[PDB]
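Only one chain is given next, in structure tokens, and it is the form deposited in one PDB entry.
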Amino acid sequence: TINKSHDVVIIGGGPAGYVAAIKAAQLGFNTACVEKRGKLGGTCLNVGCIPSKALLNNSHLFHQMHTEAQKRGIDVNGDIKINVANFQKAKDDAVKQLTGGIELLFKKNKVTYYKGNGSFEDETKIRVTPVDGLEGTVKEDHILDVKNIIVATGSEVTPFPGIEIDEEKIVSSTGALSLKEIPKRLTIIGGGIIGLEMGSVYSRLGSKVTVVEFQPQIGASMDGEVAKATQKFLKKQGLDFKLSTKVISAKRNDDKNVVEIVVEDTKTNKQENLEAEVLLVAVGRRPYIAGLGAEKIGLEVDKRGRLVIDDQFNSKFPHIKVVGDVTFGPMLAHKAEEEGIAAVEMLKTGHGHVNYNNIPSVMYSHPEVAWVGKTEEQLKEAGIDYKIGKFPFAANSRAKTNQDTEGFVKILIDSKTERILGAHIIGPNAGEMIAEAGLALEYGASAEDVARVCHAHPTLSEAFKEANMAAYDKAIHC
């Protein structure tokens, strides 16, 4: 065991933790970050955002090249095949480069990178213990004398009791992202974004995808109209939805090399049997504090397993802050990053801020689905008087030119002030376009404020312009 001192020590190297480390160092703190997995970037970079977006993008292109080339004047007299090994390689190389990038950022900023497991020795010190196989891991235990501690231990997949998750036949998102072969049938439990995205990926590559969802509609969180329109275009794309249906159990049938599933329709409590070569368990994600030693010092943990904090990210101990997926708020990478930054700026200047009323959500299917601000259900349930502004991409020149016009832009404004209250988009670049609504929302802009800004022609962004025109006045192209 050996002693070490730092001003700030971050437990966790994911979006919230490594960004907090970089920021603390730029702000002048002697900073250290403790991560046990072997690479920085956390869930997002290693088994989440990055690899999933890589598969989505490449699977989309394969799809375009396979069924949309001829109508674009491109004749292929040969064959268009998916090379699973190179498909995976493309994703693994992207992850590899990015994880390396973070380590380089840590070096440039002088962040001390401890490879091991971090736990509270007591409320004022952190002990770093080595990880057996992990190379580069600490040679012996390290006791870090620190002034400020930031907990960013993140999340884990929510387990399904009774379902043995082997990342081969019955997989979690982590297994789905590394499938060595396109399964004939992909059955997915849960209609969440993570599940839907993996569904889209594989059906594009030739898998028969079935989505078993407890609730009536899917999406969970998106605007009503967006949610139904989403399930609509996904079914149209080949995904089979089993709404109001509960997965009961499942186990791998090695002899028949098939996963036997058992569902139950809630609108009849009538049981049923299903089968799939690969089963994806996507019933959500939850906070992860295992091995942290939070129980040792009395850190408050709510009934949902989240580390309780106040509006300044403080735990019951003023010098111990908590950020990211391990605590309150949507479990998104951009949210985690800004909390990491806000927490550190607080340490430096005494203040920081995160706008929970302006955090966007995005599903990277095609078309993409993105939204930020308030939905219609939320405005109604709050008795807010509002007006709607909608513009379809079918009326957008750029979209038409791309022969890809599915979707629309919907702007929600205050009937009184005409201030933008929410934006919802389903379109070819929804994820990027949503940044526009974010800027408007952040500044409290009005639909007219956006409508009056000259947007380049011909671009998809013009749909956003016209949708705002339709909210307080009238669109020109529809």
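Residue numbers count along the first chain shown, from 1. Rigid core here is just the name for the largest C-alpha set that superposes within 1.5 Å across the two forms. Compared with the form deposited in another entry:
Shift analysis on the rigid core between these two forms singles out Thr137 from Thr137, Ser203, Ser173, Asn148 (C-alpha displacement of 2 Å or more).
With the form deposited in one PDB entry in hand, show me what the form deposited in another entry looks like.
Partners and other molecules omitted; one chain follows.
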């Protein structure tokens, strides 16, 4: 029991956490960041974003060397097999450098990193419990009196009832990122972005991937047209899709080494028994309020497990702000970064805004799928009259020149104001291109305004320019 005081304490060091802590230190405050696990960055830099994307880029280079190389005029005279150990080391060292860089950024901003479990004592004090391993609390058991405290605890994997996730043979997203042996068959329960990306990296490597999902279409936040097309390019890449299918059982049959799965189709209530070497339960992610002690002070949790807030990011206590994956919004690292900034700006200025309508969702498969704004379904649901204007990458100059033409840029605009309402891009660099769609939405620009922007030749950004040209008038290469 050792007592210290700070202006702000951030309980959690993820995208919402470490970002809120750096911005507060830059805003004059005496900041604290309490992180439970031995590294910072949270789920995104250790179990999320950075691990999966390192795996995804390197698997695509193995895939291009196996498929595209001959056609690109490069002869690989012999075998090309993946060294799973160094494949993992390329990913681990990226995680190691980024998490080690957040600790250095804290050190430069003079944010006191408390390496222990953060819990409430009062609605003013935070008990920093020691956790096992390297640096427990800051020489055992702290209590911190704070003026403002921002709860930036994250998320955890939603478990499937009855399935024991032993991350070895029945892995979750985390188990899948560390597999030191590539499966002959990898079954995935969940058609979401996390399941689709994990399906991609291992199918490129050799796994006969199958994706079981209760919903008909995949990536369920996607535009209908984009999602149906996302099934099609992944099915050409080698992913099988068992849709409208609920999983019943899943058990390690250790005698045969095979995770004996049993599923049932929704339209026809018959059941199949499947067999996969590794099973992945990517059914979702839920909030993590455990160990924080929301029950002591009475911080409201809803039916989903999320700490509720108002538009000013605070809960029933005006000084206790909840941000990230534990609170409302799409469970995305940059959404959490925007909330970590906006919450902290509210403490120094009384102002801050996260535009929830301009939050990009990007699946980093190849082609990358990315989208901002409203989908077709949402505009027809709202009764908004809209003009569609897509442009295939097969028509784009750099896409053909780079022999990477899968996808299209789709611009949905309002028919009478002609302003961009949505932008849904299946394509190479789609996560990069949606940034252009993001900035155009923030300014409330029309399809015509970006069409009048001079885009360089040859670039993939011209597909955007001309998708917009096709929306209000006519495109040149279409």
